[PDB]
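K.L.:
Residue strings, one per chain:
There are 2 protein chains.
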Amino acid sequence: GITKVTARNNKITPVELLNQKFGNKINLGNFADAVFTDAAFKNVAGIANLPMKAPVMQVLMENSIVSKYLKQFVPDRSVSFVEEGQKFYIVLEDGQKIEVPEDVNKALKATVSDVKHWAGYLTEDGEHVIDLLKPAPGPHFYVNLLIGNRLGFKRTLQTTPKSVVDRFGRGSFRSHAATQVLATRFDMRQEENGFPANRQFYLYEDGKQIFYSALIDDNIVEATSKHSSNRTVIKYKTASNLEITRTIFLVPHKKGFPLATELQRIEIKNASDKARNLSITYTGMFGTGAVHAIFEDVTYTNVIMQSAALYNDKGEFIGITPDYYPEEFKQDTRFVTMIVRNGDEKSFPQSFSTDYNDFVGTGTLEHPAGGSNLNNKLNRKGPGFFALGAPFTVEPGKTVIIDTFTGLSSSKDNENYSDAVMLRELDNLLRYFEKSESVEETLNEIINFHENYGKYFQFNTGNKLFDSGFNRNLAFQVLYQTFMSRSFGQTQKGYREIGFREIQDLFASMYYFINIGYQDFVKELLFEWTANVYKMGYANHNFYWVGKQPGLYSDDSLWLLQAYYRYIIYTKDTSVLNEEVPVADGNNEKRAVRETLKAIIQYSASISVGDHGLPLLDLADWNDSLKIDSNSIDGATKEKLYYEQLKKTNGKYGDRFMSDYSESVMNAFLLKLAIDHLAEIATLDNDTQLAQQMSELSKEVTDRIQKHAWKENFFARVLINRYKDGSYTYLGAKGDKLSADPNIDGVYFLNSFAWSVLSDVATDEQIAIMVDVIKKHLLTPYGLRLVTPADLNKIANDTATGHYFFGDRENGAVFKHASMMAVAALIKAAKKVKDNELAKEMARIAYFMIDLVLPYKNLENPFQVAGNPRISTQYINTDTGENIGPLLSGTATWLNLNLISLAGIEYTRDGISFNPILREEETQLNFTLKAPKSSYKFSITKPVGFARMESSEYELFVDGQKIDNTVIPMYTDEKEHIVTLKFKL
Amino acid sequence: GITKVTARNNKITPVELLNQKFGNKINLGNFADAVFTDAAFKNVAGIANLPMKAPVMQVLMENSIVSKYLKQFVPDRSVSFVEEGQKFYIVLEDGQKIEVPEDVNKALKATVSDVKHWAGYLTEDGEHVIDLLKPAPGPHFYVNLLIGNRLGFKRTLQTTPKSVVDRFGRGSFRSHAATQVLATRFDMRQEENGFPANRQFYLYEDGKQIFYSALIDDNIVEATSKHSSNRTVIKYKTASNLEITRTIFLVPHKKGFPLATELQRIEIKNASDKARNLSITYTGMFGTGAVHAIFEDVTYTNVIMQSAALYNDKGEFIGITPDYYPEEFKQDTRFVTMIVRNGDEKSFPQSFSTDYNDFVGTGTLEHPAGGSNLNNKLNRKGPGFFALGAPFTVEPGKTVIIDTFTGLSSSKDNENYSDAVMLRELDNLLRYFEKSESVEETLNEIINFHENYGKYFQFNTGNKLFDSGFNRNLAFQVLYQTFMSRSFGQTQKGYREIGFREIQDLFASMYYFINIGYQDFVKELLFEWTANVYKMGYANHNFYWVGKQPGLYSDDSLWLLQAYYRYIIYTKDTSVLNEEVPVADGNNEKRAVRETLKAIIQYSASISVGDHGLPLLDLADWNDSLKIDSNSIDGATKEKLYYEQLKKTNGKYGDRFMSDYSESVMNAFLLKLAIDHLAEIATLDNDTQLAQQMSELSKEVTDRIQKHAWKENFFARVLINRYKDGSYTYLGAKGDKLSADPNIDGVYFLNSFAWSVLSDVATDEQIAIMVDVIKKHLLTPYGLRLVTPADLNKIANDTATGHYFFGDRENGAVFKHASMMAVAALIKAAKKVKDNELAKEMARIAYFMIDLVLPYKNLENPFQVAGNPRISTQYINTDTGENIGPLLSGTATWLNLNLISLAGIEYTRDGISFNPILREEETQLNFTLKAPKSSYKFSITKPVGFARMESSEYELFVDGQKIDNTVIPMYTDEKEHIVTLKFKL
Ligand SMILES: [Cl-]
Ligand SMILES: [Cl-]
Ligand SMILES: [Cl-]
Ligand SMILES: [Cl-]
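Protein chains in written order, with the authors' numbering: chain B, 2 to 986; chain A, 2 to 986.
Okay, chain B solo, but in the shape it has when bound:
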């Protein structure tokens, strides 16, 4: 009877049908576009010889002339557009070639003239210029992220405002935690992040709507947007010679200011020869305080709040605020205010509206019926919709400025908070910005701050796109992820706390902060993370104001050692070891940092270990899908049981916790790295005995890993101890009998090899074997996948079936974070392996994987790979090659680390270890580095081909003096030092 055909089961594509029908008749070129003309997929209509893949037929069908002309042929007849000479022809399946009329030819040429830049382009500074009339390659492609600046104030990690702005100005604005200033929309589409009325405005002339900022109509002749670092600029040109500019950014915090403030400046210039009397209506929607009640009870959200008006000391209306009855929703107060600067005179809105139904009327949001006549009625219910209207006359050649301040004041930064505090802070903010030039000065301050922040490491390679992407975009993303973790984004709209392992972000940004005089901020972050470690050694999984989920995951506390090692090595500041930080257990208890690190190592190395001595897997580790044990316990219950066992067995503290739980090998690698880091810290702190115990413990752990985790072709991922019959003993190598692919003998994890190399456990032969294995199995045309297919139901029957189609997330996708860690391991191995061929192959693999994650390269084939040309995405779909969000992940952090490492810079106790690994085709690499008391200018020259310090003669000069030691000293003479490296044939 009725049959069903799915999207993935439809094998034939329109382009394939077009190639079949017209391949031997016309030259299809390298790229072409096509569309099915009917629901039976029998006939196609397309255009040939495109410069790149693009939805050209979708744009063509929107043209009335072209669609009307095509109606003579389609459906029931396949046609193709072909350009010959300077004219366009239509070709049918019978070989007939017909010259199109003049209007059709003109429309076709105008459409296909600029296909190469349909998705935009990047300037020399890495800013993305977007045409507002073009289709979006993906939901994250045209997204910009804005952040505040709470440096030097309390609770910087928890109180920094955040915002997401798209190409049209749409998006949302959030204060501390998940508090909303502008409304966030939770709907079916990924493109709808906020309420559609946010940040939009209307322009009226003579009572007729002449402009809407979120709708490009026939009266707009030019409309472009520019995404830059922490600011967005949108430009419009109208047919009546009006030039409109919108600049959106976030105000850096000053004393007496509200906690969150977003500034939008609208400049309207009259390029005509006649004065024009216009009016502006700026609209928006406040975010509700009862987010759960949106899904629970919308009427509750509506009836608990009302609208209120704000007046200055002269009694003039200035803006609207939402007023809440319940006390819990009175701890934050929102506001929106408008100032109209006409030449030297200042004015304030003359009308307002607070009801969506009255404002829209019988029209739509794009053409509201009551937009030009605001009723000045204060709504007694929610939601907090607002529309402020003001008239103004602009003279020929003159400009009128409109400054809108949206924001929120909170009790999180004030004592005895009330609405009076909000009024005082709003008065301070308005007095600060009473002059026109103050907004420009603040914008310049933001730009200069980010430019100076990015100065720690500067690339100079001639490739402007790469230099801009690293020096500006990547540095900003690292700062943003340091301040925000993974809590906000275009599609990250729920409430999320800061994860412990997200300390990984501080692995990259700290060197930047220390280089702008904010070493104390890095110390504060380190102590804040240390405060979430319990006395035994486990840590809270998440924390925003307080910690939660104690010891839920077994790998969390082991990441802190890497951050402490990085900070102490870079700064040589061991005094942080003596700092007394509160313990996560509580009850006014404090411990020295050194003792906390010792407790972490002891917990992961002696107490929470399995039969083979490797750390217990517990519920899971870094890999969230490794739910091998269904009877796992957290830190608190494990501690209680451990104390019970100690009292029963009459043992001593530090003994093994008896159990039959599984062991994590990646946890063992992390523990070994942490032990080595603590040994280095102790020997830097003149703690000889502690260094000795750390060294012997590291040797013992390495012996255990080599004895019990190496399975003759790979390092295992999990060791299983609960099957006494021997049915299953390990997972993550050959012979584990858990592979779900008949053609693959065993399961293989990328992280196993990555952290075997990173922890300096694997040997050269093991490195070569694992590299061969990952080349055979884990390498895909779109990168390196996290893991080969596995059948975990045999050992854990409680695991459910899959949730994703092939190529998505857990079903064979390429996760860029894990791939970046693997690339770091490959670089580290290639820097020191004896075999030159193995090093060359590993460097080639690393560069191949790096080329797939650089955001700017997303603009080469934007409509196939999607992603974002300035911000890193999460993973790559192995079925289509498309980059899919969210935009916040460890990809940016580990990519920055990998690029710096490939430049050859490493930090050790003796100073700067230099060991660059350049591309085979590269012949020159120049960059500049900053140190707290010096600067370095590195230049490297080499011939075409692979070259490295390990197996190639070279000349190294520091300050013009030839040197043999590759460790550059960390100078403190406040002088610039020139370093030159030359590779010979």
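Calculated from the structure, these hints are not laboratory results.
Any copy will do: because identical chains look the same in the list, a pair fits if it lies in one copy or spans two.
Listed next, the in silico DSS-like pairs over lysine-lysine satisfying Cα-Cα at most 25 Å (straight line): (1) 700 <-> 829; (2) 5 <-> 382; (3) 931 <-> 465; (4) 5 <-> 255; (5) 256 <-> 5; (6) 135 <-> 117; (7) 135 <-> 382; (8) 725 <-> 708; (9) 413 <-> 256; (10) 378 <-> 12; (11) 591 <-> 549; (12) 315 <-> 5.
Following the hints, put chain A with the ligands in place on chain B, whose structure we already have.
P.N.:
Frame of chain B; chain A with the ligands shown alone:
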């Protein structure tokens, strides 16, 4: 500095300013409209002498001519429009009167011509006719509810489809539980219930959009909607002489049909003299299976599903379905299909689109750029947006029909479910509706079913609006609430289970169902509710497939006795007492219904009692705000502790559970009523000894209530036992020291009096005293409020400080359910009190309260009271008088019961007790009643003034024979009996 003025603090209204500026100059009439011209509220513009309150100035400002004319006076001057001699003038504050121009006069006369019908009107059948161009009085005013018909199938209460449709066809469509067929929107506004594209379509001619069903533009000359019982009809007329009709309803279930199916028929008639070639694009959005992930992870919702196409046996495309990868989301399969009927020719959609971005393009949803050229591309991701396009030619004077079937198949009605089951069921449904007249036959079947269902009680007064509201609208609402409880609505969008006390709905609908041959359905509902009672006597608070929250609330199980008593009294079917129903404890255990009722009575009367012997309050009772005890326990904990106490103290089953918890007096009234009901059931079942024990227990309970609950003016609400010092001992009468109002001595609860009268506990003197107290304190101009202000923090210092402004919900609002119970108590008292003046006063109060809840009376002042002219709302705002939803509540059930009781019909062991209570101004009341084997025609005549059988001589005739007994026998002779009552002065 900056000051803030809230909506409630702005005392001066525009109408007050208009009255103070023009009151002594022109005649403003009884009603007027006004609007502030500026944000300083200094000047006003308005229109005088309106027939009723309406937003006339909002509509006037939308007129370009009127707005342009007004722009020459406002905002600097205050103006008023006045009609004098069919000519409009404008009046200024200086006394100047100016005749408006001709166009302004024409627009003004056209606008205010039909102000009285701006919110619509009701037909003789109670159907609401709505103009699509007029403002909505409230978010629930233009809402219609549609329900399916699963009678005679399995799990009717859990599998009946439901739908909400507004005046434009917007809304949503749901299946079993909260399963969505069409997408539900969770946003800030109450008006947005579903996705905007649901049930909407576009009409194109020559590639240009000529019609959109959700937007009224200048090309539409007529646009009206009609809300009827279980169907919605919308009509449009275009300037090009096109007549469009949409009919939306739900298909009653048949064997082999899908579980949920919504049918929309679109008829397009060409009233011109030329044949027209048009095309239709019907759009919509499927509901997602991962509702929580919408707020959690929108990308997850997008990537777990794809689009698929459906083809018939001939290989022709017929529709779109969403295909899910995860197993848990594969248990339901959605579908949308289209059929085009051109005379006898049948055709299917020729194109489709499944991407929102491609469909909308550079336009909007109202004017999509790719609407006329669907790309026929199956989306690989979500959401399930669909748009089906088909062309057709309509001849002059001819009609083209388009039938769209949306729906869902589920595993809840099938075994070994897969998509093949959905395909087979869809094939069955399409085969059933292959003829054009099948849709009309199904619609007529629905109409006839509801007409026949409403025939149990038929009023035959002269109002013709009250008759329609009761006979059709109220009966349908009672049926809808019986099937749906309080789970769905315009603003009720979350997932809700069936509450136990919602058995109250069956109090009213059962007599209807029994009278259409569905007594077995009522028995099934009774047994389903009985299955949720535990062995001890408590019950689950909620249940959809299984019960949950055992014994959480102390009043739940006591409501079942009333339902059983009603059923047994009406049907005389005591065999239900012998039925073996599973107990809620489980483990294959069954108990007779009689034993379950006995256990309920024993639990509420002997075990779960306090110091005074009244039932324990536990967490709460019917009143959810009575959280007096913060250490309350549920049924399971209480049972475990009771067994521990019994074993410790060597007691026996049936002894009191020792504690110091509070006691609920309303629970005591419910228990007394249940005991009386069980006594009546026992004596009807020839169970003499059980009747004797029930009688003595009822006497003991009455003695306890009279001794311990009556405090010198009122019946207390809660008895407090945890203060040995005597600081607080009771709440809900005079002297409880818990009043929050200094002018009120004590707190007073309406339900206390209501259920004292309803349980036949209060005496005549107590009734008079409580009536006086209610008139003094609990009576407001907008009805009877639930409770006087109270300060519960003195005994329960853990509750919040309040969530609502004055007049909303818990803060002094009039809850219509509690008011209806109080009205029932007033009617019952007035039917039997000795004092004629007291009975007259109580009847007057009851009728005054009833006049405030009748939905049709909402059309008298629609723009002030709002509500819904056909469906009851929840409560009335005591600050403004506005009716606020949701539309589902016990108001409808108790209003139906109250109206039937006021008609004088009661059911007792001897038959029909007759005791009408008519309005003072009424002089004639005729109605018809149905009994399972007979029919009655009641006529009552009386002079002007209060009259009742208690204190007035009368003549009663049955079948022409004068009788003295007022109990009409329940005849079973299948004949109509005439009953006549005459009241004489
Ligand atoms: Cl994101
Ligand atoms: Cl892993
Ligand atoms: Cl509702
Ligand atoms: Cl109550």
